[PDB]
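K.L.:
Guided by the hints, dock chains B, C and D onto chain A, whose structure is given.
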Amino acid sequence: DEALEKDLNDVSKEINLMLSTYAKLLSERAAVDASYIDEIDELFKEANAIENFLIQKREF
Amino acid sequence: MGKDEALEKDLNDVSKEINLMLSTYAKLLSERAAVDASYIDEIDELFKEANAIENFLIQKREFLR
Amino acid sequence: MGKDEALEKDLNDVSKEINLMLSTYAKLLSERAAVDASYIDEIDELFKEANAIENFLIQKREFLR
Amino acid sequence: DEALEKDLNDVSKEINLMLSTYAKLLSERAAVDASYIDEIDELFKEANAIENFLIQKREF
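Protein chains in written order, with my numbering: chain A, 1 to 60; chain B, 61 to 125; chain C, 126 to 190; chain D, 191 to 250.
Isolated chain A, as found in the complex:
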């Protein structure tokens, strides 16, 4: 029984490790997503500003 209770406790320690590691991983992914969203938004605005300026020149 002692051996199986230790085995049960060792598995629970492995589970606790996995859960907190994945929780931290999800925390890091959200920060990277936000950074990608900002960079693409900035690039899309740079391209759109050049496009709108050039379109205005051709029309006028």
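Okay, derived cross-link-like pairs now, EDC-like style, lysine to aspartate or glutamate, Cα gap no bigger than 20 Å in a straight line:
(1) D/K235 / D/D223
(2) C/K141 / B/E109
(3) A/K13 / D/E236
(4) B/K87 / A/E39
What the hints contain is simulated information worked out from the structure, not anything from laboratory work.
P.N.:
Chains B, C and D in isolation, oriented as in the chain A frame:
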């Protein structure tokens, strides 16, 4: 209208669709993060609940013997 | 019933809830991947559409001059 | 005009790079998620097997 006017209007419609998809996906990601945090916390809580009951029983049986 | 019987039944209910949350989150992740692939492909397609129209106009104006 | 058209093209090349890098990043995240789901499922089954066995002994 001319071919250039039509294509420039198509370009404006494409840029409007891109802007909409970007904000929609950005909002979608924010909803997932709130759901992810909720699921990870509840599952961790359940795992600790089960582990606490086990530790209680193991300790109680130890007093018994 | 005794305190041990009640706690063992609570343990079984906790394990059933854990199994349900795990499969629910696993299924949820699969739905997100299909949506992610769909959004990334459409946005990339829109960006190439706008870039193709730009390249066409740039080439057409080049013939004009 | 030539300078602005180059600037517009350079931004579009930066956008294309960002989109494909993020698409690959999402592809890698799904593979890691699947691996975490398998490991936790295995650990949860190991712990549940030990628990069910011990509960059966105490009852019987």
